[PDB]
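Undergrad: Add chain A to chain B, keeping to what the hints say.
Protein chains: 2
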Amino acid sequence: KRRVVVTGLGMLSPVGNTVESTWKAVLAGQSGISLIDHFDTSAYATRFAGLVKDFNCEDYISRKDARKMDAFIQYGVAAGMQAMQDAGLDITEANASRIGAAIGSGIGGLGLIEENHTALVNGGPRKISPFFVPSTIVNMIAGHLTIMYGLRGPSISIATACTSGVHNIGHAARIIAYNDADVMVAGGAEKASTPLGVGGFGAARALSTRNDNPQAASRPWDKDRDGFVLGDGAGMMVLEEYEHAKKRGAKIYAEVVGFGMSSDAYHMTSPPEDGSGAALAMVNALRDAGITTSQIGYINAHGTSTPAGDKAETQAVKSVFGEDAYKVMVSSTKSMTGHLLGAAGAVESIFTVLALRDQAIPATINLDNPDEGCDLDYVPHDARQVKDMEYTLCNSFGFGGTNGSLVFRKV
Amino acid sequence: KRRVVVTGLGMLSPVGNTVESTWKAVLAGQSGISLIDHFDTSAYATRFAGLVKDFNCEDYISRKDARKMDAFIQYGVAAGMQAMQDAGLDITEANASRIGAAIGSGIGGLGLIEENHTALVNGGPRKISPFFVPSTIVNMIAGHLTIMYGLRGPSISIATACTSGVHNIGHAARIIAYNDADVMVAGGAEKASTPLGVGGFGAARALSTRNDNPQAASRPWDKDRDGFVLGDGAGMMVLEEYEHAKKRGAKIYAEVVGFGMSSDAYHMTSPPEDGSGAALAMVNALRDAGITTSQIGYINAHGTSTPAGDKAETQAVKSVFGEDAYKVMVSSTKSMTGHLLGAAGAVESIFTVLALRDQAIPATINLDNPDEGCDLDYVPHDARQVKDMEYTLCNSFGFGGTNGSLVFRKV
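Read top to bottom, the protein sequences are chains B and A.
Here the first sequence stands for residues 2 to 412, where the numbers follow PDB author numbering.
Here the second sequence stands for residues 2 to 412, where the numbers follow PDB author numbering.
Be careful, since some hints might not be right.
Since the list gives no way to pick out one identical chain from another, each pair is judged satisfied if it fits inside one copy or across any two copies.
[Unchecked claim] Calculated cross-link-like contacts (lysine-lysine; reagent style DSBU-like; alpha-carbon spacing at most 30 Å):
#1 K2 <-> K247
#2 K411 <-> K252
#3 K128 <-> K65
#4 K128 <-> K388
#5 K247 <-> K388
#6 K69 <-> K312
#7 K65 <-> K312
#8 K54 <-> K69
What the hints contain is simulated information worked out from the structure, not anything from laboratory work.
Excised from the complex, chain B in its bound form:
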């Protein structure tokens, strides 16, 4: 069996423009939630979001090109480039066929779709950009990155809303484990903080409305949560077959040991009280790892700060772990970053990897008051330091009842 490892990281988040800066901010509990100011939020019930600050795409992409790609692709490409240099692979003609990509997104280029539509409405079809389609569709990040680095291996893009990042990472490992690839760039990127994005989620009343204290709005498992907080960003991993990485002597962050999947088959947006589908996914990830519930130190929960959702996940954690539950620490970093959607699973899977490296677990900020049936150890306010920890569990449960989990092992 071919073992798969993480040999390169890159990311853009609301609390940092690099991996390490974001990780520092995460451990120190700094919030990335700000007020939106790039469009008039007068009529909107929600006026804040987790935004990427001081991002200049001209470090990564010339502006001539950056005009041919929606912001979510710009993030994705940037984060991909970070991971590539972090990996330090040599791309040769004998290598190319064996290096590919698995990068997705939940919503994609909403921003550039809005632009082009207004242009169409105002000026007709001839005011539509000739690069409309390549700038907006979900798989164009991998499109840009493969071409940039001359990667000619398998290239896919899984779009499963909030489960994108996890699914992409997971299936990238499957592709490598199947011998179809030796190296994969995997992850997700998102920028749904647009008029339609904020408006759309607002119309569904899935958004928090605590405009008076934005950085306290995201409060998973707290009593006064009123919906999730929207966030932008991109997370990217370089996955590699294990012997291949050592033979070239790469820095090896962690091992991808388990990948489990399931669906709720319940409701399109809300999860089941029981959490059967979420539980199913973790059981599967664990079976894939050949590992028991009592070997897991930390669970990066979905933890979206939604009423129904946060309850479901806990009930699912209790169901799977039984009563290793209270011994195990369960934190959502979404208290800081907000919900990144398609990039959520990728950015959070990086935290679970870094957590193993540094043996430090991020806290769930704004957990001032436990909810009714929320008794587990959510690492309430400050980052713990733990020791001799070896297995991590990363969760994401997306719209459509799509569930996915990854298990990482310390190496």
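TA: Leaving out everything else, chain A in the frame of chain B:
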């Protein structure tokens, strides 16, 4: 080692609302290209497309549900049911965890994004539909289907533009072969005949402009081809593990034996003149099959009717098959259907499977004059009848330079 077979078919296309009706029209060489009507095409250079005709979604799903769906989700769901009904699956509780879905789309619900955006512009974020997000994002076809039939297994949605159909089917087989599921519903759906969709491809100058003779416009490998014709529809397959299929006495259409992936790493929309990316994908699908070039009877080519693209595919077939290039028959059904994008790989893979069943090969209509560097047997005008064919190859080469090919075996 787990073998994967096809136990169910369902589809919606420009030439039929069922599989057998579509198949009939394809063998009879009927065109599905019509002039567009659901918006004013006065200012558009291209005013025709392959449209699904006489489709009523209330045949399949109630109008309240119908209301919360973009057209591409409606098509996908309808075809999903057809496949499930054809499969004759007994969904019990234990069974349920072992059945999932892998259904994608290249562009998704562009139509309803236009509608809600126009509403927003006219009335503000409070006139956005509360079902905006669940009605537009790509992975909601699998979402509805899982809920409908109580499927709790793995659920993904690969969004790789024109290659979506093939990647979804292929990875559905991988999931089954890896043992993460026993049954998988797979395929793609597309509805890009919208003002922004036709305008977007029109802006890129990739579309045909033969408005005077719409049904002769799609003419792959002809000398006077002037771009692809956009098409709509949805194709779906129920994939299943061989032992599981026989034990229940299933209708077995064929075997999924090979799956190849690659990327061009060259340009965002145009393919290279070789061949090389397309060649890689075919070679890998061949290797996956454990099979030689001389064992494949028919190639359902990508064949979009584009100047560069058609020449590239031929050259790709030359390099791979060598001496058998001329012994092998190569046809694109896009001559009649047009290019269905993310549903192209799905609907055509069905043609490759039906070809095995009936030992009949569809022609590529409008082939009046082969191009200069075209020397292969394209099945010029009429459907051919063949015997002893055991292997088929289905190709799809989509934007972003992502390539895929599936190998099917008669059994």
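Undergrad: At most 30 Å between CA atoms: does that hold for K54 and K69 within a copy, between copies, both, or neither?
TA: within (21 Å within a copy, 35 Å between copies)
Undergrad: As a check of your reading, is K128 near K388 (CA-CA no more than 30 Å) within one copy, between copies, both or neither?
TA: Neither: 59 Å inside a chain and 53 Å across chains, both beyond 30 Å.
Undergrad: Using 30 Å as the alpha carbon limit, work out where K247 and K388 are close: within a copy, between copies, both or neither.
TA: Answer is within: at 25 Å inside a copy they meet the 30 Å cutoff, but 51 Å across does not.
Undergrad: Since the copies are identical, ignore which copy is meant and state whether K65 and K312 lie within 30 Å (CA to CA) inside a copy, between copies, both or neither.
TA: Classified as between: cross-chain Cα gap 29 Å, same-chain 47 Å, threshold 30 Å.
Undergrad: Check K128 against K65 for me: Cα-Cα at most 30 Å, and say if that holds within a copy, between copies, both or neither.
TA: For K128 and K65, only the intra-copy Cα distance (18 Å) is at most 30 Å; the inter-copy one is 36 Å.
Undergrad: Given a CA cutoff of 30 Å, do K2 and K247 count as a within-copy pair, a between-copy pair, both, or neither?
TA: both (16 Å within a copy, 29 Å between copies)
Undergrad: Is it within, between, both or neither when you check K411 against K252 at 30 Å Cα-Cα?
TA: Only inside one copy: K411 and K252 sit 13 Å apart there, 47 Å across copies, limit 30 Å.
Undergrad: I want to check one pair: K69 and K312. Are their C-alpha atoms no more than 30 Å apart within a copy, between two copies, both, or neither?
TA: Classified as between; 27 Å across copies, 42 Å inside a copy.
Against the hints set out earlier in the document, a violation occurs for number 4 only.
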